[PDB]
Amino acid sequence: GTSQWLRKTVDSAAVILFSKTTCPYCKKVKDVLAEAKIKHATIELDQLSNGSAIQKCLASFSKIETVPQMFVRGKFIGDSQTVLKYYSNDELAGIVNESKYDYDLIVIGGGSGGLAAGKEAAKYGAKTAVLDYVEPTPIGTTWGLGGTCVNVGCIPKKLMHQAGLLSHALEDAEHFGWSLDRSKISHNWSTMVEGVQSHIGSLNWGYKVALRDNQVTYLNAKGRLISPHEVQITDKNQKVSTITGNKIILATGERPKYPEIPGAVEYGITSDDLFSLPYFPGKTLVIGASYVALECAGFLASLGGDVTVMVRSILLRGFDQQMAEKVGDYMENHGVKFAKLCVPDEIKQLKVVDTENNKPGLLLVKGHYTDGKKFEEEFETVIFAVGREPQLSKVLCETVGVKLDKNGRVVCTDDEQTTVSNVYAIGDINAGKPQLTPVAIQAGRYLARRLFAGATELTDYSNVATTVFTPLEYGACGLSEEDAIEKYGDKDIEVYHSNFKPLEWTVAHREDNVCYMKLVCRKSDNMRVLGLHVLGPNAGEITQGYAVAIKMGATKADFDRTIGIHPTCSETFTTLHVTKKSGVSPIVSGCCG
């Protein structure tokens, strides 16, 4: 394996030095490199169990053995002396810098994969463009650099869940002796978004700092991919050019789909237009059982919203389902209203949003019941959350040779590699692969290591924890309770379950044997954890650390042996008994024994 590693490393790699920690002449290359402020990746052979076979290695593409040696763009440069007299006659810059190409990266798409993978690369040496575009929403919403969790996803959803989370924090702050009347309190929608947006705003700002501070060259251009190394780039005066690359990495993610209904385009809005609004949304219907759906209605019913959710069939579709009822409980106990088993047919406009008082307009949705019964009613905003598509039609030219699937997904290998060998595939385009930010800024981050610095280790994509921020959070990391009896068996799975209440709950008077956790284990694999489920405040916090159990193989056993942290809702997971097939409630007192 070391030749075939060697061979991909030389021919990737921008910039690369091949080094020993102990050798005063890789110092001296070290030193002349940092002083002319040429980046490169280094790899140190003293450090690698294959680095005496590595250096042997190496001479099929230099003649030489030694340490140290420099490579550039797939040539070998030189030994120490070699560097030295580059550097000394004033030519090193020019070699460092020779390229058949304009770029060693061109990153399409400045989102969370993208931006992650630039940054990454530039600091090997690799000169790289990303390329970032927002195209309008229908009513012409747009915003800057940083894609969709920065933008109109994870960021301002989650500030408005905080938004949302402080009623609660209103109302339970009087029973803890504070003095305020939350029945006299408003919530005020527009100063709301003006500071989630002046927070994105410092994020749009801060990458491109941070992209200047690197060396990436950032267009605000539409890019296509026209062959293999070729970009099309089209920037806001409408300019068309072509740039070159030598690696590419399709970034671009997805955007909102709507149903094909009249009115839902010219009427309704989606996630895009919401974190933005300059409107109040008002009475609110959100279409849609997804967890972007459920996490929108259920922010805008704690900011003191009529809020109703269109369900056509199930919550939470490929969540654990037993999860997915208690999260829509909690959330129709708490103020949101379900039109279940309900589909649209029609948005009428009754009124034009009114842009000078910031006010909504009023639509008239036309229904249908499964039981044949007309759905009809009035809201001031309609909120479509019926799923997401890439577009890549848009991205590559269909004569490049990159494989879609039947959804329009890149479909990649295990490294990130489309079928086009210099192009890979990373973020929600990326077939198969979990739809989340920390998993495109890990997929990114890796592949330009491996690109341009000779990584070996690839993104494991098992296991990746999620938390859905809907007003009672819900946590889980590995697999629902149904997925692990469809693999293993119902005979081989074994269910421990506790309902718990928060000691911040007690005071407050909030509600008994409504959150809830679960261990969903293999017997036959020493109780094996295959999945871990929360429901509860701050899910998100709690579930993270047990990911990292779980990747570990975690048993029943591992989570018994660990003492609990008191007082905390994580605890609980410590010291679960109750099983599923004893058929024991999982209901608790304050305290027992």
Second form
2 protein chains.
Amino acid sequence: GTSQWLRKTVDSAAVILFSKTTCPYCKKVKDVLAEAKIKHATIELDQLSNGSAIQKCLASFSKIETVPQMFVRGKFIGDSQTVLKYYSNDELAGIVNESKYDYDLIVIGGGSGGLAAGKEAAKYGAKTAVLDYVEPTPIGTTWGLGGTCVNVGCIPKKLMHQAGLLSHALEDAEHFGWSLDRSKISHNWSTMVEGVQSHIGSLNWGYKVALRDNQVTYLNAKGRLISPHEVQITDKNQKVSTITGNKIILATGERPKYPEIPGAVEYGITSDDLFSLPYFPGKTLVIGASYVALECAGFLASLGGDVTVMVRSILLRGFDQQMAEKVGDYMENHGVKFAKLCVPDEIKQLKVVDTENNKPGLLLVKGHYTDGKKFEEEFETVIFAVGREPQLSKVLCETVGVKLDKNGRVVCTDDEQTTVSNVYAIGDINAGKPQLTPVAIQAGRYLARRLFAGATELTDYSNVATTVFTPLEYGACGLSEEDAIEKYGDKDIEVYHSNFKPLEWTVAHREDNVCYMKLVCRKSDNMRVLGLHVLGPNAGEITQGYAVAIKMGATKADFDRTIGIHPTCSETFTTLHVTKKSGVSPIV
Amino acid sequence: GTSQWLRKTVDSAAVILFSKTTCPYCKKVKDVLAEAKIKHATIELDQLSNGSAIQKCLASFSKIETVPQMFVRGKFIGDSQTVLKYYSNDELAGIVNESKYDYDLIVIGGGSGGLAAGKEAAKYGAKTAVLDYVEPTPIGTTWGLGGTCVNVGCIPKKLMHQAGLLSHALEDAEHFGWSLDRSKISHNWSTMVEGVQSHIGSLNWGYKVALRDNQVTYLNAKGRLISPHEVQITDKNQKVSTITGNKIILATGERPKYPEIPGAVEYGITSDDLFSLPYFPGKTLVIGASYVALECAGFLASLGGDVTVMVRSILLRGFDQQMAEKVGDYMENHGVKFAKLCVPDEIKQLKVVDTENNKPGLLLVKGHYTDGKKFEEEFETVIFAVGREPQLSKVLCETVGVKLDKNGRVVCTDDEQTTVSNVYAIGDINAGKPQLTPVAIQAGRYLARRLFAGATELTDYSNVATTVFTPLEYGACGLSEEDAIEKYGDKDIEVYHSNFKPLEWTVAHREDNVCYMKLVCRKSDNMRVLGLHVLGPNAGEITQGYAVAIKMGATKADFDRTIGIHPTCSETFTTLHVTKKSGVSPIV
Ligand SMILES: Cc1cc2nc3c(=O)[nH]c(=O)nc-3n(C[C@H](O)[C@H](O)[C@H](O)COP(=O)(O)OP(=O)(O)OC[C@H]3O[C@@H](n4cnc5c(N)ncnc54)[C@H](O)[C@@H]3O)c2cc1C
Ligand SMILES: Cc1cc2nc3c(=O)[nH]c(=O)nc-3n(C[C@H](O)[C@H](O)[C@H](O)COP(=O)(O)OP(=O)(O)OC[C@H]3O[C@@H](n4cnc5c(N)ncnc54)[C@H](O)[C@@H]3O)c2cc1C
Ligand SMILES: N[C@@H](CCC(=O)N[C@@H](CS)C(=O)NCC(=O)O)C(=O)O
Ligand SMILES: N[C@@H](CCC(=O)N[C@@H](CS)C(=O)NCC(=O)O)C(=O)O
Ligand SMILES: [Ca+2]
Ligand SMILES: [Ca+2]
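Write the structure block of the form solved in complex with ligand GSH for the protein whose form deposited without ligand GSH appears above.
What follows is the whole complex; the chain from before opens it.
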């Protein structure tokens, strides 16, 4: 596979140097390029097992087998004397700049995946442009560079989650000896939002500075792929232009869905609006049962809010359903109200948002339960969390030939390639892939390395760990119990489980036998860990390390041999013994 | 090794049944034993690869090769018909009770290791006694069942640590929008102590109930091994008696050291006294630089205390010294004062503890710095944390023949056996072993299984993860950087590292570039992870999962391929790229 690898690498790399760590002529070229401020990829052949074979294969491209060999956009440009010739004649800058296209890479979308791909490509001398545009929500909310996670996703969600957790810290404080009057303590929504938004602002600015420092052209513009290599751009002044690029990365993400009911778009809000909302939501209805719905409902209740969640059928569809029930039970026990087996019919406005006192309006929500009984209740705020959708009709001309699935997501190969061979898709729009920030980032970085630095490594989308940041957090890595049983049969599945209690909860008088963990294992494969699940505080911190072990093919024996750290919650994974089949209670 | 294994198993097991899962005669015996309330170990031969060989070998003990075969204390007692014969004749209870000794196992020490070993042995029908006695501290402090971790160690330490962390949660709360008057908030030491001690009380009681429920004889008595099988006991009424046991487990732990200076024993306190201290310590001097010293100094400062730490030479000797410096730097930056290169000479009393108002006394501490300058300062409380020591002269007669090392710890084989073959040592007194609670527990449980259930599994003492619960926590698994370099040479070591910042610290306006992590790797062994180190909040929760991966022989590649969970602190381990040799700054 050496010949195939080199053919691909030479064809795709923007500026690449084939080198050896011990060669003085290679160092001379490296020093020249560094002085000339020419960024490039470097392949050290003496550090590869097939390095000798690569040298021989290079002759098919350069007619020489020696090092160094420099290539620019598919063409051999010279050995050490030749590169220094260009340098001494003021020709080098022009040569390493010659291109058929404006850019080696155009990234459409300045979110998690797009920024990661763009920055990484620039490192290897790919002339890169990143396009980002945020179409305003129906009520007019917009934000800066960084995409969903930075502005209206993971970052503000976790910060508001923390504000909520601090409510319970205030309660715990008394039991640990702290003297305070909780009856005189209140939360100010707008002060929290201002703090959150100040941090988001530093991230917006941070990414702009990063792109500048990486010599990436940032355009705050709407991009449209009109042919394989042509991107139509519309700027802030509505001026339309066309730029060209060799490789294109589609990383445009998704936006919240709205139910097709009267009043939904006019009066409801989504997560897009919530995180910069100038007024306190007040009495809130969340319509939906996604992790987004439950996370938002969760922190609103902890901030003292009157919160109701309207659930069509089940919670967290796709997630382990035992764990999902436990997540919901905790929320219900702590004041989140659930309108079960219930759907909305219409939203009517009873009061407009006060824009000078920053107070919410009032809405009438009409719906019905499956039993036929009517739902009719007043809420100050209605939040829709009924899923998210790609919007590639706004990004992609149909004549380009990029294939989309029934859901409107891009059908990709295992190296992120679309049906148009120079066009790639990463992040939430990549059909079938886990829709998470670190996945988008890994995909973008690994892709950029393959395109421009001769890397071979593909992104591994299997056993990607997750955490739902509900009031009691839920971390998971691998298969749900039901999926493992479906795949391998009940007779081949063993489940080890236990309740636990954080030491911190003892003095604080919190619940016994609520925090919970399980390992789903395959009996015939040396008790291989197929799935890990934990409900408890800091579940993300607990889960992460185990994801490495699971990647390596951890068995129950590996967990058993490892010694716990005491006192922690995570140590409970090291001493599990109660099986579900035994019928023994998991209580402690 | 089948013959050797069976010989050992038959010789050592108290009550054991050799069985097959498919055999109806085996089920009959199991049902008889369960009805008769006879606990026993069971070996299912059809579940072992060498099961057929074991059947043949059993004939050397029983003259039969069939299942079931029941053994009591080294003797074949019968097949299925024979066991049922004993049962129908009211003979079975007497037979399974026949013994040369009072107990199959006597555990001296009712702490982490001892309780774990005792409870586990009883499960397999070993007649077990657990002895525990707490010799009072010089000022008279004593406590209940459960040992060091439960009463004067991990448990109260972490709870007071949490009380300290809640101080900073109160600060963070304001930035997250919570309205409170911090100028009117104070901490009450005694209220905290009462809460902590209430939980310790439930653990004391919990362990007593557990021993009762496992049919373990608990004696609140001082034990002394006077011969291999004879233990002299002294009860609360000073009455002296002798009990006999087949196997003996020494699990007597350690107690705090005092420096040999005037006033030390009379006026100073240790961790033994601190966790139930009826008065607030007030202005405090901690003498020592162990994890105990720094943990205690740490939480006292967070509870608003005026705290000084006297350090002879370095912090956390034995731990990674870069990490140790970072731990100390954080503490110093947050108000813990350090008296560096300083030793104490004498403690003089200036005021006696007020026993009715629960207020501290006052002490004058005189010392000297290495530069010759005098140390003279008044403190309300002086705490010694200058190490811990075994006290086996109080437990062990010299004529028994149990070998101790220069430090007074028991020299053991890799299966915890002392130089007296029926006598074993576990926990802190086992020479050379990591002195941690889960280690003692694993050792005790695994030993009990080997002795009484035919297990082969040894305790793995390598790469045992740790966490120091200082104000900023420090988690580690594996080798320090300096130890890795010493072992393999600097040229074979690569260190990947990064600063990070908890998302929670952003809005709270806490430090950039203080939290830190590194992976110490071996270049020639596919970048094998030799050591993992993390400074940051919840470092124990972060570290634990990775300890499984390290046990399995994780490489840098395994970390790289694993996807992060966002937003967490732990995810930073999945994207490390900056090496120490490159000289690139780890700042973010
Ligand atoms: C409320 C919420 C909470 C979440 N929490 C987590 C979490 O805790 N952990 C986690 O891992 N994931 C979380 N996620 C998911 C995570 O946000 C996404 O997986 C990630 O942001 C996807 O990044 P992306 O690069 O694919 O697209 P995005 O981050 O959405 O970026 C795409 C960008 O491209 C822009 N764009 C669209 N069309 C064009 C165009 N025509 N021209 C130019 N620009 C365009 C978009 O406006 C956007 O700025 C959360 C999501 C939500 C909604
Ligand atoms: C302040 C402090 C904090 C710590 N924090 C942690 C931590 O966070 N995590 C961690 O893993 N480890 C921690 N440790 C260490 C941990 O406590 C010990 O490793 C563990 O308790 C050792 O248990 P053990 O069974 O060996 O002995 P112990 O728990 O000490 O139990 C021995 C018992 O035997 C009794 N005894 C002694 N002599 C006799 C006799 N002659 N007859 C009858 N009984 C006798 C003793 O009084 C004691 O009750 C901490 C230790 C200290 C001091
Ligand atoms: N004339 C060549 C010099 C090539 C050369 O002398 N390089 C040596 C390494 S120092 C080489 O490639 N030798 C053969 C090999 O390494 O296999 C140039 O200017 O680049
Ligand atoms: N007489 C024996 C019965 C032994 C017997 O029939 N057991 C069968 C299993 S059901 C057996 O050991 N067969 C030989 C084997 O399993 O290898 C007893 O009372 O224990
Ligand atoms: Ca274990
Ligand atoms: Ca990774």
